[PDB]
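> Each chain, letter by letter, is given below.
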Amino acid sequence: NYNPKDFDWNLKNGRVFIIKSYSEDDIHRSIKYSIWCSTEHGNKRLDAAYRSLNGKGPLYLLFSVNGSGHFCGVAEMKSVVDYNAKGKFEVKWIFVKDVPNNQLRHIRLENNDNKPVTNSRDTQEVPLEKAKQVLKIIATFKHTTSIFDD
Amino acid sequence: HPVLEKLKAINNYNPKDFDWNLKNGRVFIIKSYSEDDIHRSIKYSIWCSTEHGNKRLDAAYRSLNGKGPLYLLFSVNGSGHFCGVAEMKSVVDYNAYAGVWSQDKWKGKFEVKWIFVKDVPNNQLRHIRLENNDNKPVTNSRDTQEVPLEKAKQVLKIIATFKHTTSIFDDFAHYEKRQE
RNA sequence: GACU
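Residue numbers (the deposited numbering), protein chains in the order written: chain A, 403 to 487, 498 to 562; chain B, 392 to 571.
These aren't lab readings, by the way, just hints derived from the structure by calculation.
The beta carbon of each residue, even a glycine, is placed where N, CA and C say it ideally should be.
Some clues are possibly wrong.
Said to hold, decoys possible - A short list of chain B residues far from chain A (calculated; beta carbon distances all over 10 angstroms): (1) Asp427; (2) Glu442; (3) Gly444; (4) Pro460; (5) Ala487; (6) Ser493; (7) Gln515; (8) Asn531; (9) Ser532; (10) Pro539; (11) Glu541; (12) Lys544; (13) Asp562; (14) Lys568; (15) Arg569.
Claimed, not checked - DSSO-like, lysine-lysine: derived pairs with alpha carbons at most 30 angstroms apart: (16) B:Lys422 x A:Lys544; (17) B:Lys498 x A:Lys527; (18) A:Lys498 x B:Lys407; (19) B:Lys407 x A:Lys458; (20) A:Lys422 x B:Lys407; (21) A:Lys498 x A:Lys407; (22) A:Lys458 x B:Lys422; (23) A:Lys527 x B:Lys407.
Input sequences plus hints: build the corresponding full structure.
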């Protein structure tokens with residue numbers, strides 16, 4: 403299933419990034435087929451990050467549709483980028509749940525002009541200690557809506 | 392990326408030969424809460440600090456004249472590493488607005504030449520603790536905090552040698568479009 | 001609101 407209760411994020415030596423999706427379609431498509439597509443530049447940031455980690459740590463992605471006013475899940479990146487068509501990479505969705513920004517607005521990114529983690533753009537990175545705070549709020553939160561509702 | 396390949400050519404980044412000069416030079420931590428600003432500074436070879444930091448960097452530079460290099464050790468707040476070393480190359484123009492940084496508030500400008508561009512994790516330098524702070528580790532520094540000669544040698548050495556695995560260039564294309 |  404999704405939304406595990408016992409989830410050890412294993413963040414110690416990972417990195418964590420914000421994904422800003424252009425459409426709820428892409429979220430529906432990503433979940434069904436365990437891939438994601440970013441812009442040319444953001445894919446490429448993600449490729450170097452992932453490859454840099456070389457499996458010493460996870461690379462998590464926090465999804466929010468543009469204008470949705472909530473976060474809509476977390477997935478781990480599972481492959482280098484594939485440029486055989498567009499660039500694609502595999503993702504394993506771990507949490508599908510609607511987390512409203514009101515619950516996360518108070519966390520500011522001291523790497524991005526102290527803007528709230530909810531005021532990020534695509535592939536904005538979340539510092540390790542703010543990511544622990546974010547992911548824990550996402551993990552334990554009791555959602556009433558979900559992208560599945562659509 | 393063609394832009395980065397101009398930069399890379401004119402600038403021998405991460406040189407393996409660095410005679411750090413020093414032994415008459417003076418060294419400061421630079422902190423940024425915008426990595427966009429670190430990408431902007433590498434491109435445009437300029438930096439700007441707070442009004443207080445501008446005055447501190449200006450004063451050290453001017454008391455050196457050219458008898459000693461002023462090196463700047465950059466690191467983004469919350470990033471868990473330093474991201475590169477640059478030399479201060481001019482006095483401070485306190486008037487300029489530049490309009491390059493990710494925030495308008497930054498008044499002023501001075502030239503830098505970026506030398507090393509590499510991510511050095513904090514735990515490679517946590518042991519060097521600055522007596523001129525309150526014996527906090529150099530990783531716990533604020534912006535324009537001076538590093539004494541003898542501890543800057545230790546810090547500069549580890550940055551020169553460290554086999555880095557990431558760099559801000561890994562994100563060149565990402566930060567470049569964030570200028571639009 | 002250019003500390004960790």
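> Hint compliance check: list the failing hint numbers for this structure, sorted ascending.
1, 6, 13, 14, 15, 18, 20, 21 and 23
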